[PDB]
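Chain by chain, the residues:
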Amino acid sequence: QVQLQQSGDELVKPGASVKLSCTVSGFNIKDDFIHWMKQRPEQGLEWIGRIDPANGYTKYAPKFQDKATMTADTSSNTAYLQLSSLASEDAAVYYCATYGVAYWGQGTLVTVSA
Amino acid sequence: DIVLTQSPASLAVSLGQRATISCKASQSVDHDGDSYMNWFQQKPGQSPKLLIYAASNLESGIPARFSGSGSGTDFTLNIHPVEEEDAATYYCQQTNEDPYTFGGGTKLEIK
Amino acid sequence: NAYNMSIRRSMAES
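Protein chains in written order, with the authors' numbering: chain A, 1 to 114; chain B, 1 to 111; chain Q, 14 to 27.
Same shape as in the complex, but just chain A:
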């Protein structure tokens, strides 16, 4: 069956960058978009964007256009989310999903230190 295994939780410093991963097994990632979502307890769930691993195509929500960079590697069946110039509002749980949006990873917690 399909599993999305996300990378470990990260404590990140303001102004720094962090790159999260989503390693897919039991599914060829060339076969579908991978989607990234952000969740905060107050502001709720937000869709960051989708990447097509077969051609590198990306579509972002405008609020994430200068914050997030999605990449993928079919050679490793892995999708990445790079977050840049981190600030407090970037602290969140980040999810990847595929198979339309039916199958989700377990989430990666990003915390931002003071």
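Some hints could be false.
Restricting the straight-line Cα-Cα distance to at most 30 Å, the calculated cross-link-like pairs of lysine-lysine (BS3-like) are [what the hints assert, rightly or not]:
(1) 107/B - 49/B
(2) 24/B - 63/A
(3) 59/A - 49/B
By construction, these hints were calculated from the structure, which means they are not laboratory data.
Given chain A's structure and the hints, the job is docking chains B and Q onto it.
What follows is chains B and Q alone, placed relative to chain A:
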């Protein structure tokens, strides 16, 4: 962007009763005869779990106690009957127009 | 099967 508003924000229900959660979109989520509204269930510390896709389709592995209805801007999730394990937060999500957007969630508790 | 319709695919790379 399409804004999704859920009603109620929180719901306490008796075991064995029916419950309905409403999701209203600020613009249509319809295209070409289909309605691109999904419903998710989430329990604390877990990822959202897809229950219903395209308004009325039950996701594989999800009990038939859950069903979805609606089109255009107005959608509902029905739980029949409510069981103890249903305590969770429920979210609607539209995937008709970019950016995809989510409702604010409805927290269901058992009385 | 949620692959086809849990997102709109009519023009998902336009």
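Status of each hint after checking the structure:
1. Proposed proximity of residue 107/B and residue 49/B is supported: the alpha carbons are some 15 Å apart, at most 30 Å.
2. A hinted pair counts as satisfied when its Cα atoms are at most 30 Å apart, and residue 24/B with residue 63/A qualifies at roughly 23 Å.
3. Note on residue 59/A and residue 49/B: the hinted pairing holds, with a Cα-Cα distance of about 23 Å set against a maximum of 30 Å.
When the structure is compared with the earlier hints, no violation turns up for any of them.
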